[PDB]
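Asker: Each chain, letter by letter, is given below.
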Amino acid sequence: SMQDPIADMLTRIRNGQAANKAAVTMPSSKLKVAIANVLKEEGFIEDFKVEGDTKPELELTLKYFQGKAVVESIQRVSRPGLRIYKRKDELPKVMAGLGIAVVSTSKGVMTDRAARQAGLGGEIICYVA
Amino acid sequence: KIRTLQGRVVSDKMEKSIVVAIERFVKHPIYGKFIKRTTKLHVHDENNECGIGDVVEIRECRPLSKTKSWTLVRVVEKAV
Amino acid sequence: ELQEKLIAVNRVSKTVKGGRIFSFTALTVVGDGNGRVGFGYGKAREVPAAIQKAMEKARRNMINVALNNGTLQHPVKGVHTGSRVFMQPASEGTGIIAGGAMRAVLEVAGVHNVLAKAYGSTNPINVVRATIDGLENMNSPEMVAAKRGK
Amino acid sequence: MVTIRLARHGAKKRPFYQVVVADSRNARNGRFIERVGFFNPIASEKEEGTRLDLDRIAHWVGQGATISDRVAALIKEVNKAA
Amino acid sequence: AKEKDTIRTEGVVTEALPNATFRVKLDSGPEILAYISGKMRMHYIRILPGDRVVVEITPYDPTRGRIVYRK
Amino acid sequence: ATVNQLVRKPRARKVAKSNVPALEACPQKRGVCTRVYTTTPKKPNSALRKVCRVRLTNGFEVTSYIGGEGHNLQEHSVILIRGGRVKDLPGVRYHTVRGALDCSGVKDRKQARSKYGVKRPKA
Amino acid sequence: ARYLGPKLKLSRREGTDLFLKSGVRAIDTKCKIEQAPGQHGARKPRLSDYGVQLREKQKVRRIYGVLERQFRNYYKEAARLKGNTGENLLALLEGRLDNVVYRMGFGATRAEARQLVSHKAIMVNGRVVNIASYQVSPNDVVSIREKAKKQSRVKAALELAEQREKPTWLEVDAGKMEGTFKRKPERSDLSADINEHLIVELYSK
RNA sequence: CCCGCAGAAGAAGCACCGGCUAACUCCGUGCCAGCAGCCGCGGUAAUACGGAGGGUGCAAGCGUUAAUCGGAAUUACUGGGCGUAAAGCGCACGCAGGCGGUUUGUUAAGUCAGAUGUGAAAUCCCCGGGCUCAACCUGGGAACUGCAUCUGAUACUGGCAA
RNA sequence: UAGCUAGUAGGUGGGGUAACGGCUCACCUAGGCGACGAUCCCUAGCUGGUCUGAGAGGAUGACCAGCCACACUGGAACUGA
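Residue numbers (this note's numbering), protein chains in the order written: chain A, 1 to 129; chain B, 1 to 80; chain C, 1 to 150; chain D, 1 to 82; chain E, 1 to 71; chain F, 1 to 123; chain G, 1 to 205.
No false leads were mixed into what you were given.
Dumping the calculated DMTMM-like pairs for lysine to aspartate or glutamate here, alpha-carbon to alpha-carbon at most 20 Å:
#, chain 1, residue 1, chain 2, residue 2
1, B, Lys-33, A, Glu-90
2, G, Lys-76, C, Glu-92
3, G, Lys-82, C, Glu-92
4, C, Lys-147, A, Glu-72
5, G, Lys-205, C, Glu-107
6, C, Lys-147, A, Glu-41
7, F, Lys-107, E, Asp-5
8, B, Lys-33, A, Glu-123
9, A, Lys-68, C, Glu-142
10, C, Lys-150, A, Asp-47
11, B, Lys-27, A, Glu-90
12, F, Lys-110, E, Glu-3
13, E, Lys-4, F, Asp-108
14, A, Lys-68, C, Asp-133
15, C, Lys-117, G, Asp-49
16, C, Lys-77, A, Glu-72
17, F, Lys-42, E, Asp-61
18, C, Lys-147, A, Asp-47
Derived CB-CB ranges, DEER-like:
#, chain 1, residue 1, chain 2, residue 2, range
19, B, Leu-5, A, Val-50, 39 to 47 Å
20, C, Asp-32, G, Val-52, 19 to 27 Å
21, D, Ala-58, B, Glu-49, 55 to 63 Å
One-sided excerpt, in silico: chain G residues whose CB lies under 10 Å from chain C:
#, residue
22, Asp-49
23, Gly-83
24, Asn-84
25, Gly-86
26, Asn-88
27, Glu-196
28, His-197
29, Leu-198
30, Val-200
31, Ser-204
32, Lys-205
Everything labelled a hint here was simulated from the structure, so no lab data went into it.
Ideal Cβ positions, reconstructed from N, Cα and C, are used throughout, including at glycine.
Given only the sequences and the hints, what does the whole structure look like? Please build it.
Answerer: Laid out in structure tokens, this is it:
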């Protein structure tokens, strides 16, 4: 059995962008939507959508710059077997600010840029290149 | 206010004597894993009324005999 | 005109029925000091012929690389074969601190300060192209602005 | 017992004293409670060179500390005003 | 630079060991271990016991000869 | 390797043994010696090269190269013994210091007198 | 301390003049530039990438007349300071006392300038200063004292001093044997001979 | 510490120069003598040995040796591998241990925020000051990546309930 | 080096110490510690630090300063804050 659906969601993104597909599906949850909202805020994905009731199903519309994918890469930085926490001072920056991280703070799911402006830290999830 | 800890018995019982294993969480500094540390303490009690496997609040006191320098205060849901 | 130079020359034998016979393999890098980086790997029966044939091939195979002040836009990694090349921009002052083979390919692009180090294999032929792949993928604020947001 | 006294950390043939609160048993260079000033006898033409926080020294005198004869002289030198 | 204090004298080859090493009995001296010289190896020449060869000996170690001259 | 495994059993550095049993954080040692041979090298080279069996003062018997052109050394003689392998010979990891204790310097040597133990020519 | 050897050999080895002699005349005949010193210097060098770095270290060091250990101390100070290290290097070298005496033109040569500061002719802000390596400040007057005033040594120097192009960071004065150091050199003020990233690069490995 | 006197007078050596690695020819010896950190040189024209001339590096030091770290991502947390190169137990079930779908409530342990106490001084670091300058000495600040207690936040993980 | 512990583990009472205490005694109960490495062996004074390293780390604890231990070998007490 799979042990992280979040790294699964990131894997479905980089496989979809590489294969040049439009719609990518997975079973929905709150943090999956909240991460996809950060992706649409920064601009990487086109749109999120959810459809269902007994099993809600998140449908992520991917995005293409040209024939080239918008997302360069995406990696799971904190992982189930090894948890990484970043304090307010220690908040990292992805590729000299050109990328973003995803960070779960006390005040919710932010970027590293938004968490520096908010003035608090927490568990970093992934580096969006 | 006093400082205090919470642990669980998981131990045999003797005359006015109970041991309390206190589990805690520490980040392991070389590899960054969060690892469960076990702090076992001998404890003084109110006429050994506690069970086994339940969760007990605990606090420091004078030595009452070898290593028995803690005393219990309150118990959540005694025995099972 | 553009800046041209050579990295190294290496002798190679075919080895045939009548005995050994020795070719010469050169490796060359060119650049305009404003990106426009290009390289050429050539070979010949004698040495002064080999570097000319390499520099001829160096004119085409020419790639455009982002540059600001005297350095790279952001930290970049690149790999080719066994050779792993890391680098960071290290803005203002500083000078160039960089590996063998790497230093020639790095300089002709037009950086004047930069940090770089070769992991893995340091064989010149695979240290080259690992570099060009790292320089080619490199982004800019303009490039990200084109595909998303501000 | 506590004593206010001059300890020498400066270079050879150029003493730079550190006036300091310490117990009497401990060696001159040794263990101490707190620093309170400095005294440069070699000095230079600059204004700074004798310094002592009087709120600290009057506190330690209030706790009963006694004063070494040089520090006693330097206190009655600097006073409120010299 | 080299000094000419090494001594050359004859002997009969008693027995061939491994490694192109030979047990040579001198005329005056004892039986000494002698290795073949470079020149014989260079011109692909091999030798055999019972034959009488010139054998260079050093004063430093008198147990090690050197087979200088041909069969 | 897996991170739980590295918590369980950590990484372990190599022992990093020295080339010289003379050791003891010492650059120089002393010995009384016995025998001076002139042994052949390995077959890619040829020569007869001057080698000595040094009994060290710490009780170790070792073998040692004699550099320079000839020497006075024989029998019971006290020499100084520094490190350094000679790979062309078998197992020699040491060198005798010329111009020290009982050892002669190299007479009529003119260059590189830091080695070979030779005070400067004056005329 | 000091090089002490033949001056022209260093200029001939480096292949560009280092101004070490150069009093009465900038003579071509003596120098024999780009022919190299010694027997086999006639041949083309075909120099290495390590060697062009090592040559440039010697080229800069031989101008100011420094030794490697003292020169290393300037590199360590120039490195810890904010901004470009090569520029902060050349600033500390130009900030030497024996160098300012050459710039003001009180001495004919850098060796004669070091001789005059060693021989206690030179005073800075009314202190006498023995040490050649001494670091001059902004706002520093400098002057010759009475014993060394109006000798054949200074008098011949002040004549040949007029030929020079004249520094931009100091006031020359010198109508009464003094000078004033106004402000720091910067990269534009100082010469274009030095390759500044290159000399710094060699210490990196 | 300062002044005076005399006169270039009293004061430069050491390693290295085949490639790596900055810096070359001749003579002697002839796989001998010997050099060699590594790959290697020398068997009659040795840029590698010995000597001389020339050259290069560094300086009252220079070189060798021993000792430690670096280069070494060559024990790889950051930062490595395991088809054929060293490397997946012969295979399976399983306790201790690691990790865990999805929804809500709650707790605030982990975690994150703030404050206080403490983190000796010397050191290290920065800005200044004083010894002819520097080394050295020294003023103040920052640093001391830490830990404990208290007050907050509740996204995430853990505890607890459905 | 995988089992090790009888004052060993706990209680009551007596004695003892400046004072808590199996500290030391009598009696009673049968526990204690143990793979988050007990016990045993080898080796080692520890730390603020030094040295190296881009950092993480590694090696190391001379000098300076804090603390402990030892004073020919082995054992004990007196005097005294």
